[PDB]
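To begin, one chain is listed below as structure tokens, in the form deposited in one PDB entry.
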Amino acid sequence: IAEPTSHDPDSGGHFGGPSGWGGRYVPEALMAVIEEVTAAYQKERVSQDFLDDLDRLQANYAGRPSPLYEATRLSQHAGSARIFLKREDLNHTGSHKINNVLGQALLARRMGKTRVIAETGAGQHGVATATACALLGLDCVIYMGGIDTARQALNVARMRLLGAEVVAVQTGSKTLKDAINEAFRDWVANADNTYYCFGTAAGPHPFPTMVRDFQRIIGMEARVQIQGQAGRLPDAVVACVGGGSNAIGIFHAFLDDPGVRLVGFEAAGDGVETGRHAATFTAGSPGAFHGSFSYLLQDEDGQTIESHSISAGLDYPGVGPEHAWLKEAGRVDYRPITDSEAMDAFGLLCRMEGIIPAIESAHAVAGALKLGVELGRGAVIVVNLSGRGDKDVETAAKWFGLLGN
């Protein structure tokens, strides 16, 4: 069943007013394919055949529903609060990102598109896209920065094993935000048969809403599971915030719940005062970027500032527009977490629960511990464990001196 649209933007994609957050800050050369994707998505989001196809893939292929685990051995470090982990790390491919690429790849098939392009930071979303494209017979082309391709040799081969093609972006700063620019240029040239599978809850309309909808299953499951295991709605739901897809996916089911705090944690890198960070809400300002009006890290002239984070998934200068709306409206608080706080939580979750989290997810775990101290004994905090940390083992081992020299 199609869930209601109480928090949707207007027909122009604007949140909280006709000149609010979101919209479409794209060239006219792209509006034809965006209106086509928007019309296709509005038809399929209410098609029971589409929701059945997606449910069938989420259940038997992706492994949904993911469990809700109460990390009892973390309570001592969270002010004796009760930490519940939404185990998106157990999804196929190992992150929440599989929820996004399954719906969009199904949508690309419904539209008759035969070619799918996508960006990726250090490889996580490119692997996810290539996975769905293999499953549904779609041709796949992944754009990746030349710095990241040289540093992530195994993820490139992982994508080639799945039948996808990897293109190294050697322009600009040669990282995530420049792979998006190259994928955007590819779409302008090949919109006739190509679908752009965007990897987070940002970009022009309808992508912030569409990506959010494909991730809302996280919050829908968690809201039922937390009531079964705790007997009540939680005192807080938290998640890490890069572009915002995994956070908005678990946040959405709790928006109309009056007493449920919503806290997103962003990457502060070396510290928000050091200039080597990615704390978009904490140290950024509003502006138009990557097709939406939202928050981004920018200097006095409006130029994009390079972001830094020990995690690759939170290393992004912008953030989705629906999060900016929820911040302005006071529904969600956004707080920073440093590299050290996250790695401290990374190792704690390893020693205490045997769960190796993604470093992106470790930011949310770290903030949950801090929030548990603030909320006190007996507080019920739901944490979106957005991914597993098998990809981050080499980074964590160097951090804790497990590799030497």
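If you superpose the two forms and keep the largest set of C-alpha atoms that fall within 1.5 Å, you have the rigid core. Numbering follows the first chain given and starts at 1. First, how it differs from the form deposited in another entry.
With the rigid core aligned between these two forms, the listed residues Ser75, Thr209, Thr194, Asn155 include just one Cα displaced by at least 2 Å, namely that of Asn155. Shown in the overlay between these two forms, fitted on the rigid core, is a CA shift at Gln298 smaller than 2 Å. Comparing the forms between these two forms, the C-alpha position of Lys174 differs by 2 angstroms or more, with the core used for superposition. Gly275 is not among the residues whose C-alpha shifts by 2 Å or more between these two forms once the rigid core is aligned; its shift stays under 2 Å.
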Second form
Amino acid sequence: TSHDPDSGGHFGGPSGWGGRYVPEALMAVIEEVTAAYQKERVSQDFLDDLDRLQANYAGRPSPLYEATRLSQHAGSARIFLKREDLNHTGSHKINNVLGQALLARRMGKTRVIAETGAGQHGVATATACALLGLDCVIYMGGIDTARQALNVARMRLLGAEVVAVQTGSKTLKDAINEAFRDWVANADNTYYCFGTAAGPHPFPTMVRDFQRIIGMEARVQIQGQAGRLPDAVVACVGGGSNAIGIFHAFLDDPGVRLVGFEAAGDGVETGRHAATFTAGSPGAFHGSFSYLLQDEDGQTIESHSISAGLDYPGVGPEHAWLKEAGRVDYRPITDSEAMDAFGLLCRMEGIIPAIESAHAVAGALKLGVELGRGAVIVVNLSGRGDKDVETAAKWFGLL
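Given the form deposited in one PDB entry, state the structure of the form deposited in another entry.
Just this one chain is shown here; partners and other molecules are left out.
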């Protein structure tokens, strides 16, 4: 495509987003995965297997739903929810996992590892490994094991091993560090199922390719229901996989505004946020040159969010490129704003969203007030809120 990187993984040529900022010790396996992806992405048997599982196992397509009770809270705009929350396992993560897990098996890898923050990527990875009969090990920050415990129990019921990570912030960044350490040691038998649109090439592109289905379905569905392309398509941004997945099909539609909403925690001026574009700067982190929260020597600054899924100081390189080009705008959403939107969606539409997805809904409400009556806004509803019901009930005093 016109939006793809070069063979080294670089977007936008000489600004140099992406690439491979990893040790030589990881290159044999990174090259192996890259080549297996190039071979299998054009193999009808692989595409057929992936398609069959998306339909019959995962339940695609997800519907697009006009949330008419949100309209009066969104400047009378028309909010359409792309319901990735109804997928098997309850988020978009399953899209990327089905692709990568099929690929692990094609390569003859006998063990799969992954990191998880919210536990959705963990549960999805564990799900696909049960299906295909692969050993699975999930690395998860110790603070995330505690606040997303429903998902730890799901993972273990699915036959996955969970390793609690107690280093650094004990959140997603630290789970990723541990999983990279595991892959280095176990490269010849282990596939690393990377959960977001970040990391070294091929992961940003590959993850986006497996998530593209969201935006392709959404583009068809909105034309069918609304009679035209949207005024805006929006999504929350952690490392960037659900957002890039929904955005991609609209990249070449010049009237479609694209907006990513990132976690601002206690607020961007408080130093307890994960507002990577709002407050970070370019640097190399977790295998890519992208944006990150870093101090003046380039030490990683620890992120904070009420959402485990957006609590990541980095962001994928294709978003960095899209930001630089002016194609996508990125805007901060606080814990409070997200939670108000969470409760609103519960009461108005009977949908309990993921706290991650609630950030996108909150931003959509604000964007509705800007664009005004009749504007059509597609929102990626990336996941459901089972995992967050304890937290949300505690937030609203429902105990």
